[PDB]
Amino acid sequence: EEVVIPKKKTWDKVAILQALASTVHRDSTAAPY
Amino acid sequence: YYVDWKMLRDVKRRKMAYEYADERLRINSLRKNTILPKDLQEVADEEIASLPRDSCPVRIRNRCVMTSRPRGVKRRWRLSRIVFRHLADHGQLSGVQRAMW
Amino acid sequence: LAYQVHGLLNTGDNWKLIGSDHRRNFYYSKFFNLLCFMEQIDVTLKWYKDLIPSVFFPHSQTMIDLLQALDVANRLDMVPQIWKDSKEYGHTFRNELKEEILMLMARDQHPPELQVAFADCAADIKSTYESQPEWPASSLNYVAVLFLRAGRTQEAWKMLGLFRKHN
Amino acid sequence: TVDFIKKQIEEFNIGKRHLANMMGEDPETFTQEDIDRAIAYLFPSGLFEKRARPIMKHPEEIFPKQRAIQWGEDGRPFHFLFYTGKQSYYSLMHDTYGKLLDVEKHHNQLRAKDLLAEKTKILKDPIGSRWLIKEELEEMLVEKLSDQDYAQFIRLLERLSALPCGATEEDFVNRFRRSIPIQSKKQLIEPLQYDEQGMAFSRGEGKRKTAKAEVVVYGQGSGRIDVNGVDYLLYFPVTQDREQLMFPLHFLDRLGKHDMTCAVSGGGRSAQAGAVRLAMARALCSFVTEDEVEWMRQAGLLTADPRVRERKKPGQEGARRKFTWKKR
Amino acid sequence: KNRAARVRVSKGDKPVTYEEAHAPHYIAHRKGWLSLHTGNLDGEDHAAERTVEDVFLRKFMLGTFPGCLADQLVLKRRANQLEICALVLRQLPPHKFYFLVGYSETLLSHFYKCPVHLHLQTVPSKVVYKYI
Amino acid sequence: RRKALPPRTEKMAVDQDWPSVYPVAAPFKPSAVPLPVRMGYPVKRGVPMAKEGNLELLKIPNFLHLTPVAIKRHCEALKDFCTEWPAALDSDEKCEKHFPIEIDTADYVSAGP
Amino acid sequence: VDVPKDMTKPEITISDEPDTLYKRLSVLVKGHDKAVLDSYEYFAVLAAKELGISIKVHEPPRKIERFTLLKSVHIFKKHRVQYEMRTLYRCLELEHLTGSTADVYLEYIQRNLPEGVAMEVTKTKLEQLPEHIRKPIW
Ligand SMILES: [Mg+2]
Ligand SMILES: [Mg+2]
Ligand SMILES: [Mg+2]
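Chains as they are written, first to last, in the numbering used here: chain A, 677 to 709; chain B, 5 to 105; chain C, 861 to 1027; chain D, 152 to 479; chain E, 464 to 595; chain F, 349 to 461; chain G, 696 to 833.
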């Protein structure tokens, strides 16, 4: 009864990369990538 | 071009020995066993000695990959000591350095 | 409604929403055309450094707009900067929009602090067209007047001298 | 090269602002220490030479001191000693000799007035005072020097300080004073420890020759020693090794008064005997007086034994022993 | 004398890079490695492959960018992708530079079956550490 | 025709957020980095070499994309994917009383094709 | 000034399944130079403190492999060159983790692994008991 388990979050392959790409906006002084 | 004719002959040896590996393994299973009768292992002996001479692994030579040198080879880089030292002394081998202690 | 169109672009995918580079520079030409005259200098000078060098580079249309934006709000501080950028991006357009660039130097009144800016900006200009470039008398009105508010006669003399040597 | 330094300081301040920004710190409270941590994190160069590692520092520390312009725009040198080719050093000597002449004059006037009012300040020895090295003097004058130059100067300072000392003269020769740092070889006594209602137990750790020894001694017990859970007579069958364990106790006459437990690993039997000897000696320093600690140090009980196996070398046999050398 | 990877002292006019100014006993002390990969670490495999790759890369890059190559190549290998970092003299118009950037990246991506990154740092003339 | 453009460090704002400039793992271009940094062994009179044209700074793995501000932001964007750990399991005793079995599994990462 | 509006679109689903528990997770980074493993340990510890993963870090003893080659092309056997390979270790020991947190942290960390370092992950995962063993007897 004291035993508690959460569930698993299944995300797409590229998901974490896109979640990191969110914290970076576009650079002003930079030329095109 | 493989740097030498010797290197060529060894490439052919590694191809042939890769091809007949299964045959040799299966026959030498019979040959290396005490359990089977001798009458079987004699015929199996003629069978494995029938196989092309250049397919057996003891005729393969580890040679320097770049320079073809038949000995003085460091197995991990597959390199002659000379070529190895050349590369290492220019800083081109990561983590390799002169030893002071 | 342009703030609104820009809020629309940036939303779903900003990159997938414009097909070609020509039709891309149309966007910023017209958009910054609006931004320059319709907004306070605080906004224009701000969006300037973000859009111009980074994304897509100034045409003649976005070149004239800065010129007319600094004449109305009376900004004599940002002339050397915009000139130095327009030199980088705008080499071919130079001869035609130059006459427009320099005309904003007459409209002002020039304190003792701004002398050296005029001196440099005009000297690089005229040292560029005397080493090659039909050169307007307006530019001499400017070097001579700006050098009168500077207190420098000797160079304005050699410049009037260099125009009367231009036949 | 002045415009260079001005520029380098500008870009150092700007860059320090930038670094303060990316590292997420207050640009005002940023120190050289923090700069060092910052670049150590951003550009992590493992290299054994520390001068070959990435550095952002104030341009004055990075760049060497420059000799200033020696003349005006008319060509006339500023200093009158210029043509000597050493102006700084010979200026120094000129003023030192000027002050020695001053001391002689003043002190002679005080000889005629029946007054010796001065004292000898020449002994600073308890402060650990020494002269500058030649390097320090060389750095102070921003000029290269010679051994005979430095020796000349120092000798003249000895001439100055051997006379009656004025105030300005004392302050003068004290630029050229340095103080040698703390000299005491006195050990650091392990604070005695009281554990679980048990009283007076001390710890020590010896290391000798691949062998490590951890020794806990109780002053409340009778004489016995337990090494790795067994009796010392069992663990060290050789008499020599038991004598080695006996050395410090017999030295302090504590032979029956203490009860010890030890953990010793690696090396051979004698290496272990030695490691335990050292550990035991360092453990008995909490129970004894501050004088007998010096006595144990002077008997060589408290020093680790640096003597260690040398590496074999290629082309030789034994790291010393060489292959047989043929003449012909 | 030790001749290994040494630039001998000339009459004193000879321009020398920081790289060439340091003999083999100075690797890991002053100068670092021109290649970075896992294969030479204690428990790791396929050092041989990474080595042959390395060699071919140096030879290839030297032949593909004739005369404009300033210093020896820097090869960084991270999680199946190799970033080639190069110091390059300004010789060719940026047109040719980009042409060869793309051509090379593609060609070696298809040759070695992994993503290939190419980073060009342009320098006016060979950076001089010593003599000269 | 020879073209020399002044570096990014000129147009760089003092307070400009750093992780915007170095989002990903980068070679360290000296033009794009504002901080003067001198690495390399010095010469007897001279200093360590400048950051421009320096090959030794190119050899160095740079943590510039990982600057602590960027880690704060990244990890605050990753707070969404992580699921919580059950309370009562906090001690190993209850771990054993509930789950008796441990399965050890090794995963290796090495650079190469 | 110019701010892209509505820039975020994360995709996460919740399956009904009982996500795998990890009693302990050991991450062993092997490297050549020390400083890189230091800045990487700092980065990893910070990234673990931001996700509240509660980790310890220790340093496993370094391994130096030495070997000897001939200095000369042809013949002097009295003369040799000795070469080193130094492998240094960092061990990041994380405790009481779930499966999702494990995959996020390991993804983030593995993306940012420096070129010259390698990494070994030992996960000890918790399973209650198998079905056929629970309390049947044959
Ligand atoms: Mg041949
Ligand atoms: Mg053989
Ligand atoms: Mg011997």
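Rather than coming from a laboratory, the hints here were simulated on the basis of the structure.
You may find that some hints are simply not true.
To be verified - Far from chain B by the CB rule (all over 12 Å, computed), these chain E residues:
id	residue
1	498
2	532
3	536
4	557
5	594
As the list claims (entries may be wrong) - Here chain E is said to cover these stretches of chain F; the calculated rule only asks that three of the stretch's residues, wherever they fall, bring their Cβ under 8 Å from a Cβ of chain E:
id	region
6	364-378
7	399-409
No residue lacks a Cβ here, since even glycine has one placed at the ideal position from N, Cα and C.
Structure-based check of each hint:
A beta-carbon of chain B is positioned within 12 Å of the beta-carbon of residue 498(E); the least distance is around 5 Å. For residue 532(E), the condition that its CB be more than 12 Å from all CB atoms of chain B holds, with the nearest at approximately 15 Å. The Cβ of residue 536(E) sits about 9 Å from the closest Cβ of chain B, inside the 12 Å cut-off, so the non-interface label is violated. Listed as a non-interface residue, residue 557(E) keeps its Cβ farther than 12 Å from every Cβ of chain B; the least gap is roughly 29 Å.
Distance check on residue 594(E): its Cβ is at least 20 Å (rounded) from any Cβ of chain B, clearing the 12 Å threshold; non-interface status holds. Chain E is given as covering the region 364-378 of chain F, and this holds because 4 residues of the stretch bring a CB closer than 8 Å to a CB of that chain, at least three being needed. Evaluation of the coverage hint for the region 399-409 of chain F: fulfilled, as 9 residues show C-beta separations to chain E shorter than 8 Å, against a requirement of three.
Violation of the numbered hints given earlier is confined to hints 1 and 3; the remaining hints are satisfied by the structure.
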